[PDB]
Amino acid sequence: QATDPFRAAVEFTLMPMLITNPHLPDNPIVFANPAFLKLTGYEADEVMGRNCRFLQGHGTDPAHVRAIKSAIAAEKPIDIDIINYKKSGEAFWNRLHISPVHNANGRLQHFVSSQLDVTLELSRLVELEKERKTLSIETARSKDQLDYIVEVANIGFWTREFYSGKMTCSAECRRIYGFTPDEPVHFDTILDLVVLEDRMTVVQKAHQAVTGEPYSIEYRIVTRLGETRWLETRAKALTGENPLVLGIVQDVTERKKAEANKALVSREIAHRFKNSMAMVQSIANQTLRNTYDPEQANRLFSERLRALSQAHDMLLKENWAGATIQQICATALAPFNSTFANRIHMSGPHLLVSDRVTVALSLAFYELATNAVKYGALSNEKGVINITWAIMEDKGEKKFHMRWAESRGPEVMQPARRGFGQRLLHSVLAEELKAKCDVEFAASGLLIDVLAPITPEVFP
Amino acid sequence: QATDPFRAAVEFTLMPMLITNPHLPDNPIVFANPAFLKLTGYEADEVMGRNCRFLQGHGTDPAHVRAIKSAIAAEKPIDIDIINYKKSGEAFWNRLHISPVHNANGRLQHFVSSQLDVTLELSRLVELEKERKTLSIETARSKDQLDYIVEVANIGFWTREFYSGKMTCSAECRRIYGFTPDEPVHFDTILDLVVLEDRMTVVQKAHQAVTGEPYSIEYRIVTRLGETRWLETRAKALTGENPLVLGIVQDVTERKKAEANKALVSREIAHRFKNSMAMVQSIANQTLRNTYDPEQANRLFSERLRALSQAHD
Ligand SMILES: Cc1cc2nc3c(=O)[nH]c(=O)nc-3n(C[C@H](O)[C@H](O)[C@H](O)COP(=O)(O)O)c2cc1C
Ligand SMILES: Cc1cc2nc3c(=O)[nH]c(=O)nc-3n(C[C@H](O)[C@H](O)[C@H](O)COP(=O)(O)O)c2cc1C
Ligand SMILES: Nc1ncnc2c1ncn2[C@@H]1O[C@H](COP(=O)(O)OP(=O)(O)CP(=O)(O)O)[C@@H](O)[C@H]1O
Ligand SMILES: [Cl-]
Ligand SMILES: [Cl-]
Ligand SMILES: [Cl-]
Ligand SMILES: [Mg+2]
Numbered sequence: 018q019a020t021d022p023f024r025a026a027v028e029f030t031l032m033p034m035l036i037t038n039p040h041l042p043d044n045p046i047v048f049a050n051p052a053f054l055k056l057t058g059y060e061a062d063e064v065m066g067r068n069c070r071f072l073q074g075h076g077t078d079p080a081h082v083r084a085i086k087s088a089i090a091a092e093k094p095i096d097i098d099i100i101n102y103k104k105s106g107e108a109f110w111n112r113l114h115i116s117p118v119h120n121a122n123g124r125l126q127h128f129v130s131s132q133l134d135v136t137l138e139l140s141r142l143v144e145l146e147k148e149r150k151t152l153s154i155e156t157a158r159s160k161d162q163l164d165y166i167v168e169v170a171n172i173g174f175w176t177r178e179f180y181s182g183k184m185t186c187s188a189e190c191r192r193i194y195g196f197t198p199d200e201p202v203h204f205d206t207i208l209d210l211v212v213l214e215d216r217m218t219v220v221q222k223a224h225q226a227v228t229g230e231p232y233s234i235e236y237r238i239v240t241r242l243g244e245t246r247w248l249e250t251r252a253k254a255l256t257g258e259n260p261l262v263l264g265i266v267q268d269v270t271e272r273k274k275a276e277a278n279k280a281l282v283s284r285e286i287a288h289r290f291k292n293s294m295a296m297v298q299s300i301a302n303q304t305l306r307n308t309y310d311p312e313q314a315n316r317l318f319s320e321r322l323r324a325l326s327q328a329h330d331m332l333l334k335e336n337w338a339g340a341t342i343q344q345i346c347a348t349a350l351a352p353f354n355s356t357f358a359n360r361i362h363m364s365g366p367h368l369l370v371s372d373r374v375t376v377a378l379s380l381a382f383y384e385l386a387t388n389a390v391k392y393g394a395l396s397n398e399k400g401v402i403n404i405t406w407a408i409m410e411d412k413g414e415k416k417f418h419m420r421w422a423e424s425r426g427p428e429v430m431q432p433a434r435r436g437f438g439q440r441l442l443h444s445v446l447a448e449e450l451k452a453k454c455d456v457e458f459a460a461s462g463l464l465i466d467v468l469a470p471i472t473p474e475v476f477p
Numbered sequence: 018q019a020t021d022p023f024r025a026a027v028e029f030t031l032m033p034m035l036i037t038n039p040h041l042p043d044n045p046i047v048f049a050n051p052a053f054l055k056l057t058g059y060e061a062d063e064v065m066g067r068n069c070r071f072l073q074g075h076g077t078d079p080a081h082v083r084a085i086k087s088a089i090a091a092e093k094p095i096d097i098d099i100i101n102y103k104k105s106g107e108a109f110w111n112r113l114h115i116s117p118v119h120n121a122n123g124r125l126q127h128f129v130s131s132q133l134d135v136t137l138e139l140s141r142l143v144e145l146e147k148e149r150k151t152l153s154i155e156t157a158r159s160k161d162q163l164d165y166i167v168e169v170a171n172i173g174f175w176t177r178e179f180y181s182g183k184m185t186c187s188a189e190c191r192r193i194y195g196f197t198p199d200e201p202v203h204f205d206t207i208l209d210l211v212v213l214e215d216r217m218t219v220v221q222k223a224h225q226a227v228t229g230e231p232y233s234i235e236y237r238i239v240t241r242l243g244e245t246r247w248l249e250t251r252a253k254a255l256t257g258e259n260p261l262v263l264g265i266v267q268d269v270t271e272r273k274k275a276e277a278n279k280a281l282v283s284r285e286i287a288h289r290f291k292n293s294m295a296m297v298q299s300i301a302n303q304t305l306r307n308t309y310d311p312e313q314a315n316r317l318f319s320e321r322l323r324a325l326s327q328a329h330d
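So the sequences go chain by chain: B and A.
To convert, note that position 113 of the first sequence is 130 in the authors' numbering; the numbers rise steadily by one, no gaps.
To convert, note that position 117 of the second sequence is 134 in the authors' numbering; the numbers rise steadily by one, no gaps.
Just chain B, same shape as in the assembly:
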């Protein structure tokens, strides 16, 4: 009585469909629903008895055609897109969902398909690919930029799998350590380079990095070639699936090497000043004290400081490179040689002495000569002062020797005191040379002997 409803499905549905017969020769379209003929534009008889192949053309990819024909003989289904041309020739994209109808025996008997004009994704490919290409070329620009800032500037780059301990070391990182460009790295291999003082800090931090919290370490290493390097390292664990700790490691040696030296400059200055400020600790200790002549004790102070400030300018012909005894023996004893012209004699080699001794020199020179004018040989008319110094030896060393000899003076009696010089000599002149100092009050003249081992804080 009544028809088959499944034909009314394929007949009325707006989905273009097709049936073909692979027992008829060359698999011809036996059925074409009206939608397939609204899609293609051809007429009912024009698409019957022919093979679908007729929709292809010059732009139709002859590679897709192989893929379909392959599966048809395989008797397996196939989904694929291909170019087709409307009856008016207007090409479109045709998506084919092609399936093989088997019967009860298991032998093929029909092919069925569903066709769709998926020429909307054509503009979707042109949009998506044109953009996501120029955007992955935008990235390729900011790759080479980052890559270059790491060639230069030497930026190390390491990772540690927080769960397993797997490590990755970038080339600059391997360059910063003493590492072969391709040997395996673990926490192991790095810590074996950290100086023993700084190990427990590294361990405590590498076992701390569960917090996902950016830490920052400084630690020194000793490369496999004996070189020593300071390192800053900033890390920050990225929690997630495989928790990686990501770290930056850069070499900060030239900064550290130059920091801990620029402080050494102002370190000695803070030592050459609690010695020079406390140098006048003695110059004012004795001079303007409880004297019978506070008016003349500043006639003397301004004369013993006019000589200490002479012990500062000798270090200007040479950049504090000490001075020569040949120049200092002229520095402090040229004012005397005005009145006592050619009555003080200097004998010795052209030598060299550290600048923290050239100060205690031009004072002991100026002080002892002042003693010669008061009590000693530079007081009378025909007194003379003999200064001899020469490098010689006794107990195997190459030690230093000098003599203050006062000849043709007045007979030297004995001192009833032991004033400022007699300890300016034993205490801040012997402790300026590692010296063994001596004084004899011979009746003939003042005999002063000095003996100093060579330790280039005294003899450069």
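These are calculated hints, taken from the structure and not from any lab test.
Be careful, since some hints might not be right.
[Said to hold, decoys possible] Calculated pairs, SDA-like style, for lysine to any residue (alpha carbon to alpha carbon, straight line, at most 20 Å): (1) B:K150 / A:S159; (2) A:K279 / B:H288; (3) B:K415 / B:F476; (4) B:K291 / A:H329; (5) A:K279 / B:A338; (6) B:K274 / A:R272; (7) B:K150 / A:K147; (8) A:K279 / B:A277; (9) B:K55 / A:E320; (10) A:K160 / B:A170; (11) B:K334 / A:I286; (12) B:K150 / A:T151; (13) A:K93 / B:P22; (14) B:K291 / A:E320; (15) A:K93 / B:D21; (16) B:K273 / A:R272; (17) A:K274 / B:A277; (18) B:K160 / A:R158; (19) B:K160 / A:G257; (20) B:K93 / A:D21; (21) A:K253 / B:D164; (22) B:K391 / B:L322; (23) B:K334 / A:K55; (24) B:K274 / B:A170; (25) B:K147 / A:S116; (26) A:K291 / B:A338; (27) B:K291 / A:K150; (28) A:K150 / B:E144; (29) A:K55 / A:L133; (30) A:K222 / A:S233.
[Claimed, not checked] Chain B residues, not near chain A, derived (Cβ > 12 Å throughout): (31) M34; (32) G74; (33) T176; (34) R192; (35) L210; (36) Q221; (37) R237.
Cβ atoms here follow ideal geometry from the backbone N, Cα and C, with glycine treated the same way.
Got chain B sorted already, so can you dock chain A with the ligands onto it with the hints?
Coordinates of chain A with the ligands only, in the frame set by chain B:
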């Protein structure tokens, strides 16, 4: 052995399809292609012998259900959209394409429908509109990771667009020069700090940067505040579409003038401390004329020697 190619053509198509049986109570469903059990996620035994009504729900415009019930009654086709609900509960538009099946006399025997989801269709225009921006975010992610490394490693970085002359200056680069955190830098702002005796060298190899030939240069700048600084600039040229000149700069005013630093400091830490302590002790020159000044003229001097030893502690 004689299977139907039509019974198999709907069997396999991806268009949801229904065939109902009006000559039965309630006009129930007696066929649903698997393309229907996907669209509604229901099992097989869950849509057979039950009216297509059961897909409707609480948000279904009833004036729609009226014209559908009306066309069914009058044996007409209908092409309408209606809000239906999946087995999950998803609120999705449903495009009903319904047709009558009139037998060989003109007598309503069957009803057929091809269902079309206009929620999976009308969303793919915004399912990859959210993909065009995932790939616009990976791009901005990589220009960021650059910016991120330049910060954490505190690196003085600069980029001169070779054609245009536009420049970008990293933070540390702007701190090395005497530069505002965000002032517009070009080549002038960097040259106006160069000392006269080094401008030619800066210029000579700033035009010699065209040929992708990496170059290093040292030169002095007098900062805006008066500080003099030595800088080593290592630069290059990436030749892509528009060539970017890549360059790094670091303050070396130390590895340079440290011979003079250590020297010309003692040349003034004694130049003005011999000069500076040779007169503060001329104050003991202005306290001595009476007696017992080693009792008060030292209470008027020892308060100046740790007034300078504490001015540096
Ligand atoms: C049911 C069915 C429908 C097909 N529909 C089309 C079609 O619409 N457009 C098309 O180019 N090819 C279609 N084909 C593929 C062609 O029929 C043919 O197989 C293709 O051109 C490759 O095979 P051939 O090299 O022997 O021609 C269809 C195939 C089958 C089995
Ligand atoms: C072939 C066919 C398919 C139908 N498919 C749906 C459907 O998918 N969703 C829906 O809400 N209604 C569908 N209907 C409509 C409902 O079954 C029915 O018309 C609705 O309940 C309104 O009639 P009523 O007031 O008697 O319930 C379909 C009707 C037919 C004849
Ligand atoms: N060149 C010399 N020749 C002989 N005797 C000397 C001498 N220099 C010092 N004396 C003797 O040693 C004593 C103390 O020597 P010293 O020079 O250290 O103190 P002083 O009396 O000169 C006070 P001040 O040293 O502060 O000027 C003198 O009084 C003197 O007897
Ligand atoms: Cl670490
Ligand atoms: Cl049936
Ligand atoms: Cl430049
Ligand atoms: Mg004396």
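Verification of the hints:
| no. | hint | result |
| --- | --- | --- |
| 1 | B:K150 / A:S159 | holds, 15 Å |
| 2 | A:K279 / B:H288 | holds, 16 Å |
| 3 | B:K415 / B:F476 | holds, 11 Å |
| 4 | B:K291 / A:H329 | holds, 11 Å |
| 5 | A:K279 / B:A338 | holds, 13 Å |
| 6 | B:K274 / A:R272 | holds, 11 Å |
| 7 | B:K150 / A:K147 | holds, 17 Å |
| 8 | A:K279 / B:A277 | holds, 14 Å |
| 9 | B:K55 / A:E320 | violated, 110 Å |
| 10 | A:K160 / B:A170 | holds, 19 Å |
| 11 | B:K334 / A:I286 | holds, 17 Å |
| 12 | B:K150 / A:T151 | holds, 13 Å |
| 13 | A:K93 / B:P22 | holds, 16 Å |
| 14 | B:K291 / A:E320 | holds, 15 Å |
| 15 | A:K93 / B:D21 | holds, 19 Å |
| 16 | B:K273 / A:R272 | holds, 12 Å |
| 17 | A:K274 / B:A277 | holds, 17 Å |
| 18 | B:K160 / A:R158 | holds, 11 Å |
| 19 | B:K160 / A:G257 | holds, 13 Å |
| 20 | B:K93 / A:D21 | holds, 18 Å |
| 21 | A:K253 / B:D164 | holds, 12 Å |
| 22 | B:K391 / B:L322 | holds, 19 Å |
| 23 | B:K334 / A:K55 | violated, 100 Å |
| 24 | B:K274 / B:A170 | holds, 18 Å |
| 25 | B:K147 / A:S116 | violated, 43 Å |
| 26 | A:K291 / B:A338 | holds, 18 Å |
| 27 | B:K291 / A:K150 | violated, 70 Å |
| 28 | A:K150 / B:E144 | holds, 12 Å |
| 29 | A:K55 / A:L133 | holds, 12 Å |
| 30 | A:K222 / A:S233 | holds, 9 Å |
| 31 | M34 | violated, 6 Å |
| 32 | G74 | holds, 26 Å |
| 33 | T176 | holds, 14 Å |
| 34 | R192 | holds, 15 Å |
| 35 | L210 | holds, 21 Å |
| 36 | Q221 | holds, 22 Å |
| 37 | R237 | holds, 19 Å |
When held up to the earlier numbered hints, the structure conflicts with 9, 23, 25, 27 and 31 and fits the remainder.
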